[PDB]
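Structure provided below as structure tokens; questions to follow.
Omission of a single protein chain aside, the complex is shown with its protein chains in their original locations.
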Amino acid sequence: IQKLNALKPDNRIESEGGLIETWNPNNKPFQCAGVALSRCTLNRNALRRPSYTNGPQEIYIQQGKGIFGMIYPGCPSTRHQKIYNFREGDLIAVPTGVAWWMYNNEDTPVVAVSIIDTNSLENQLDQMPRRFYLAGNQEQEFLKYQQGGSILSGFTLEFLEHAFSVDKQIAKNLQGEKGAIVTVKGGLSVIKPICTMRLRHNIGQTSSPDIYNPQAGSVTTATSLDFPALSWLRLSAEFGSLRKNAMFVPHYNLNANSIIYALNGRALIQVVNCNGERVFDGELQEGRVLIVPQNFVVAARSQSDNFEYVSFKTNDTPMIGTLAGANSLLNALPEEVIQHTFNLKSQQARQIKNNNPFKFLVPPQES
Amino acid sequence: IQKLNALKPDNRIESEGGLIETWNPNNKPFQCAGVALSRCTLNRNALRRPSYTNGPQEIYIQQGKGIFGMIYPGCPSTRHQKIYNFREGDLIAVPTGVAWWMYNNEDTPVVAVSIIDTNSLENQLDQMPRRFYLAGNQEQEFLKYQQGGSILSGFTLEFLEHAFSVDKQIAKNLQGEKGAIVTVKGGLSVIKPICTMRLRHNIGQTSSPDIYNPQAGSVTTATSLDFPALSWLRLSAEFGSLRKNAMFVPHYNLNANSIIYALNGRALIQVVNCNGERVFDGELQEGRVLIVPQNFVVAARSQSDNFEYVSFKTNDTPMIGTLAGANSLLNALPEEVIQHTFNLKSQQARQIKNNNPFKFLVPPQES
Partner (left out) sequence: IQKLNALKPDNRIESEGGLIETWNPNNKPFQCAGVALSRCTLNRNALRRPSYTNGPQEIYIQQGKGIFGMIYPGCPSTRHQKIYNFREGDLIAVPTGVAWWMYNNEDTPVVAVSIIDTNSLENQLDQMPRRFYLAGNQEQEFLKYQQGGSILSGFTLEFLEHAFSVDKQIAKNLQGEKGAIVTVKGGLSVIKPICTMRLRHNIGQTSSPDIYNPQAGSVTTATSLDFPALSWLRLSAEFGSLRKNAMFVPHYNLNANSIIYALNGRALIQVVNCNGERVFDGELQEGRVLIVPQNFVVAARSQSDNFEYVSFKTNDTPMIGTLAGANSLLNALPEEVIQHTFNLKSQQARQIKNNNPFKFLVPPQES
């Protein structure tokens, strides 16, 4: 790739109580990353209908409070299986093929941006995304990219009558006859709170930052160490809040692919490749995404009082190699290999290893 | 997949003591599937000569009894390494690159239908199925599909001469100069009985079933839980025997592809995809196979008194989501969300949950 561009969605699907936005998974960034991105927003009383995908999915909630519930095959009911609550900041984990449903109850919408790792090992189909809905007669979000009905409507009435042991009339209602997101007139009176596994860990409205710098921002990461349902996914996530003109240092992921989606405000990012080319040099704003491939190096300087972002890294234990600051790779170098690979005096080399005391987040220059 | 079809073979190879038939790997079903199917039948006194593929193999024995022996490199002998017996319903696990031979001695022929997963992490070559014979001049079963002799008959007359430490004459014998299934005139007088790992497990008719229902039939599953050599393969198999007009309810496999080879009888099968499209609506009869991709939904009604099948799943521990039955996905949903995704009333949603009290097999409708 010669030029990474900030990408917008190219597909909106307005449902009765919501909206689904999907990004084109065949632009070379998304081809390379091997994920498909989606932003679902569901209004008051909306109930996203039960569905599943042929790959690992990890959902980040940008705003809202609802209930969500996953129908796991080998699992015990309570009537019905476990319903979890959520808040903005929560990272939801969805194992391959597991069917889920989500519902909102307040005025403030649920906006939940999320990625499908189409390129996962668990995805024994092809690199195309697919959602398999259990209900309704509607085009699945990604059918456009391939080139409607639920997985139950593609059956024969005689087959559905026999399977459920119900009469023809009710069997007709299963068989199709509002989109994926439906509005509940009366609102669900369904109780507000591996089958044992926690699949909800908050990296937004926390107060326990991985890194926290009162002069520059704060950053948090959910890896499997602290959110073990993520070893199932082999997926990760980072949330970082950045003050105006603070910066996160040049770094690269050794073992992963970052899909940086910007939640708030804006920042000027720079990403340079193996040949030293500056494959993107611009600004990333709200509701826009930048994919940063594996060993490529990104550096950002903020433009807003708090430029927030969720970076979905594809690896449940991602590793970053900081190139400037407290724990950098140049710090860990002998003071004389730096002198000869950079062509620096002994005096200077020291400054390049100690002028910035800060780990990852470096404060605003002050001018 | 546009349309799935009940595939038969496109390759008969008749040898002295038996027959090998293979199914085309370049068909779109097998290409998605990632498998290579084949069915070898050995007659009385026949010896399938030692060979090996570059991927995980899983052999099911449709009928007959005989013996088979692995030639595992890191092992102790006795004279010779271990030879095992086999009955019908035996599932033999063969690790990547291990060699083996199989012999029959009855009048009843061994019919062993098997799959090589050519899309394995273990297969480090290409998607093309191939078999490497130690002995005998003959072309390999999948030479047909690429576009001969065995591996030993390719070296120089003096390289075997030098290697085995023998003369020109028996070097010419080892050097090639009846195909893969030769008949052993008198009979192999070898006694009828990881190195220690049990590569045999009976899933067939002489088993203790997983689902059993005397009005509808029974299912039996060999995951890696119960047959531990299968976690080496990363392959599974399943046996079913449905009563006439009994059905297995619509279900999908969360994490595996299935290759349903029908062993006995006939059945009316139906599979639907992500867009509610009925990709197969027909009959799978004996000696035919139907590939059901990853999150595709499958349901079948039996048309025989006892329709029997083998289902090679491609995952050593497959999970199936049942869409109807005691433990269905719909059974674990809140009654109220079942009303709102399918447009039912409370009463009807009491029925989709409770009209069928059965797990996986549902009895004949009984009219």
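Going in written order, the chains are labelled A and B, and every chain counts its residues from 1.
In this section, a contact is a pair of C-beta atoms (placed from the backbone, for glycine too) under 8 Å apart; a residue touches a chain by one contact, two chains touch by 3 or more.
Student: Hey, which of B:136, B:265 or B:318 is the one touching the hidden chain?
Tutor: Candidates B:136, B:265 or B:318; residue touching the omitted chain: B:136.
Student: Just to verify: which one of A:256, A:259, A:289 or A:290 makes contact with the chain not shown?
Tutor: Answer from the full complex: A:256 touches the omitted chain.
Student: Among A:190, A:211 or A:344, which one is in touch with the chain left out?
Tutor: Here the residue in touch with the unshown chain is A:344.
Student: Which residue numbers on chain B touch the omitted chain?
Tutor: Contact residues on chain B toward the absent chain are 47, 49-50, 52-54, 69, 71-75, 77, 79-81, 83, 95-99, 101, 103, 121-126, 130-132, 134-137, 139-140, 143, 146, 148-156, 159-160, 162-166, 170, 173-174, 176, 182, 184, 188-190.
Student: If the missing chain were put back, which residues of chain A would it touch?
Tutor: 32, 34, 121, 247, 249-250, 252-257, 270, 272-278, 281, 293-295, 297, 299, 301, 314-315, 319-325, 327, 329-337, 340-344, 348, 351-352, 355-356, 362, 365
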